[PDB]
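The whole structure should be built from the sequences, with the hints applied where relevant.
Single-letter residue listing:
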Amino acid sequence: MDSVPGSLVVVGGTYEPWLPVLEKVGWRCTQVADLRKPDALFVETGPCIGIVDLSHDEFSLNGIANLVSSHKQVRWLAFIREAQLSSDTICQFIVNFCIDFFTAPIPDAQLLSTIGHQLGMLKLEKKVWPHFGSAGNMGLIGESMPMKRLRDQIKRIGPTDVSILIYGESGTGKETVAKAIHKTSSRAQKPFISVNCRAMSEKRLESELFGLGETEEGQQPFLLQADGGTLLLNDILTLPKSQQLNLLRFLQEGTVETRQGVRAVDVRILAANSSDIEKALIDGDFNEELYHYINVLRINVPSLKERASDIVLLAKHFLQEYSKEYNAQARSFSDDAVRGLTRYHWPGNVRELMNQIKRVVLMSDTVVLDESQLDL
Amino acid sequence: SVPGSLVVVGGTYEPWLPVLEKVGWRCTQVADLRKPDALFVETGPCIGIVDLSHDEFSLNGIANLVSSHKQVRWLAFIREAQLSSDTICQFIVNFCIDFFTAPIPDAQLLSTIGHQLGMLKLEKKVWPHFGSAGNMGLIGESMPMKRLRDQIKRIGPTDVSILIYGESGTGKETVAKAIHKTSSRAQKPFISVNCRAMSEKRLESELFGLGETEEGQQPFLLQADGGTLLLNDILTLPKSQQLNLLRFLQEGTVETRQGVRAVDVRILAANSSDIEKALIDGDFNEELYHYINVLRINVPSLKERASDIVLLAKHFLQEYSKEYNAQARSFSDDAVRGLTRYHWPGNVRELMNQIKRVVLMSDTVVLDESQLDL
Ligand SMILES: Nc1ncnc2c1ncn2[C@@H]1O[C@H](COP(=O)(O)OP(=O)(O)OP(=O)(O)O)[C@@H](O)[C@H]1O
Ligand SMILES: Nc1ncnc2c1ncn2[C@@H]1O[C@H](COP(=O)(O)OP(=O)(O)OP(=O)(O)O)[C@@H](O)[C@H]1O
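So the protein lines, in turn, are chains D and A.
Going by PDB author numbering, the first residue of the first sequence is number 7, and it counts up by one from there.
Going by PDB author numbering, the first residue of the second sequence is number 9, and it counts up by one from there.
Derived from the structure by calculation, the hints contain no laboratory data.
Do not take every clue at face value.
[Claimed, not checked] Think about it this way: if two alpha-carbon atoms lie no more than 27 Å apart in a straight line, the pair counts; the simulated DSSO-like pairs of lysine-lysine are:
(1) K322(D) <-> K185(D)
(2) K189(D) <-> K285(A)
(3) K154(D) <-> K247(A)
This is the structure in structure tokens:
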């Protein structure tokens with residue numbers, strides 16, 4: 007036979023009754039007491055099933071609900087066991103999903119019925135859980151301390167095919183982030199379309215949602231191509247009213263217009279921002295309904311000003327990359343030069359950095375790059 | 009009364025429907041995808057089945073709705089034709105509790121639902137009431153308020169830590185006082201904390217205590233024991249204090265002059281800033297964040313509630329006018345079609361403050377638009 011382990015947290019060992027009914031029917035039972043232990047146990051066991059002994063007992067109700075959605079999220083299914091207390095706050099605490107509960111006696115055959123419904127999910131969890139982004143894709147442009155948070159954040163919000171708001175300062179790598187969560191999105195093998203729109207006129211911009219290729223003159227709406235995959239919208243607030251309409255229409259109906267008949271698609275939508283969004287909102291300028299459609303999740307891309315310990319490593323890569331790309335003899339920075347570039351403010355962040363270095367490298371006549379050839 | 013919704017444009021996929029209809033359940037069905045959103049945001053606690061059957065809706069918009077703000081108030085559930093389990097099994101990241109096989113064990117589906125239906129029957133403990141079972145809306149009463157009411161009613165009693173978010177000057181503490189009423193510790197003391205204007209050393213002297221207090225000293229937790237403590241402008245906390253906070257948040261213990269002791273305090277926190285920006289930059293311990301972000305509540309600014317502006321100003325008028333004998337008794341329609349049009353960055357606070365100012369200047373009984381923002 008083949009099955010899946012399952013743990014249970016309780017100080018009262020003698021509270022077996024429901025335990026041997028599962029071991030004999032084939033369940034890998036594990037039991038924790040001291041409250042702090044199961045966290046490590048749950049984070050190491052991976053996807054499983056946990057039973058919560060509520061029978062008055064001795065646990066902090068805050069810490070409980072905390073654990074419930076700490077990192078033990080979808081990968082863990084909630085379930086409680088109580089001594090018949092459905093009345094006060096305690097049963098209102100079953101707002102934490104919990105799927106079902108346990109009568110104080112032993113609903114012998116009913117117990118499997120309660121459990122059996124959920125079992126299809128754990129064997130489903132195992133099919134999707136191994137992934138883990140194995141290759142440790144060290145933020146394909148940066149790697150420091152605020153960055154590791156970003157990875158973890160990106161890794162857990164990636165697969166969730168919801169719309170996410172990406173915000174940070176200009177030239178930080180919001181697009182770089184967008185491309186990264188597309189790999190995580192589980193629609194990774196599908197196309198990805200970043201769009202530095204800006205330099206588009208309404209007519210031409212409007213030509214994206216319903217087209218103005220009069221007669222099939224080699225023209226296809228952008229939304230269409232991004233079907234199954236991911237589309238990115240850059241500098242979004244610059245959008246005109248009429249197009250924001252079509253977006254919300256599309257965001258609600260998922261349909262687009264083509265000359266060869268109106269059609270529907272399946273595109274996960276992302277958005278980037280660097281401006282004071284709230285200031286636009288209050289005046290009336292931005293449709294708030296649309297904001298709630300997109301602000302389902304937020305991710306903040308930290309500027310170079312935030313990280314600073316990244317500045318050195320970034321320059322090295324940008325050195326290596328551009329020097330190798332153009333055969334340049336420049337291969338290293340002096341300790342002098344290193345101990346100066348970080349002090350710069352870098353308003354344009356990642357963008358400006360590569361751009362600046364790009365120039366210096368193509369101007370660099372030496373192998374070691376001094377401060378004289380840089381910020382001048 | 010009866011929840012039980014299911015989303016699909018077609019219909020002939022009854023088979024699992026009459027098993028509910030014939031057993032006596034009012035099933036409700038949505039098609040145009042956009043409609044259930046408004047429906048889900050207004051219905052409150054219920055159960056929704058998402059029929060996707062590999063021929064229905066775009067999984068982005070779906071997962072969006074599923075996790076827009078329709079979170080705990082709704083339990084997820086899907087329907088597929090077996091011949092489908094493949095590309096997006098990951099959409100079951102939203103709990104979803106269970107799914108629907110193509111074979112239909114007529115009794116098993118009821119077994120899956122009936123056990124889960126009992127959880128919705130727990131929501132019945134507050135009995136939806138609709139008609140504002142609280143203090144007329146504590147401070148407001150419009151459309152985002154009724155959700156807020158519904159929201160407060162179901163997340164209130166749960167003595168877990170909750171993160172309160174809205175814009176500045178909205179009335180976040182008023183909510184805490186309001187949800188404390190729903191809590192099972194209502195008869196206990198309540199202590200608000202404006203964490204904005206406090207120094208580290210003195211802050212540390214509030215928890216486990218510091219300084220050199222060989223005189224007279226008593227911690228908030230002690231006073232707040234059994235009751236509820238609220239933290240306003242929480243992100244303003246220094247590193248060293250967030251440490252001590254988490255210490256308590258894990259152990260529930262404090263230090264006092266008369267020896268160290270432990271307590272049982274439900275903890276709340278208020279915020280008006282960009283929460284996502286603080287965590288990533290490093291300013292707030294994320295571990296600590298999950299201890300408090302167990303539940304979220306969104307306090308709607310005046311920008312959302314345009315129909316509240318009229319009702320809000322009137323209430324604040326009567327109360328303060330009476331307090332200072334003011335002759336002012338009403339607003340002109342002129343003033344009305346100006347107060348609503350205003351942006352109100354400071355929201356409820358600013359509204360209360362401005363009117364408060366005007367009243368002390370109002371020499372007339374009728375208040376015209378000229379006497380307002382002055
Ligand atoms: N016209 C362009 N052509 C080719 N590559 C470009 C162009 N513009 C930017 N890039 C590349 O984008 C990469 C980084 O992504 P990006 O600049 O979009 O991040 P971002 O600045 O945070 O996003 P945003 O577009 O919102 O400003 C840079 O390495 C740059 O080479
Ligand atoms: N000791 C106190 N106990 C109970 N209530 C108090 C006490 N002191 C003040 N209050 C009231 O609590 C409210 C707190 O105002 P506050 O500025 O914190 O609201 P807020 O909108 O949540 O703040 P913020 O703009 O930082 O978000 C005040 O209106 C005040 O009347």
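Compare the distance between the alpha carbons of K189(D) and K285(A) with 27 Å, and conclude whether the hinted pair is satisfied. Cα-Cα ~24 Å, so holds.
Check whether the Cα positions of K154(D) and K247(A) lie no farther apart than 27 Å. Holds: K154(D) and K247(A) sit about 19 Å apart, inside 27 Å.
Given the proposed pairing of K322(D) with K185(D), does the C-alpha separation stay at or below 27 Å? 23 Å, holds
Consistency with the previously given hints is maintained throughout, with no hint failing.
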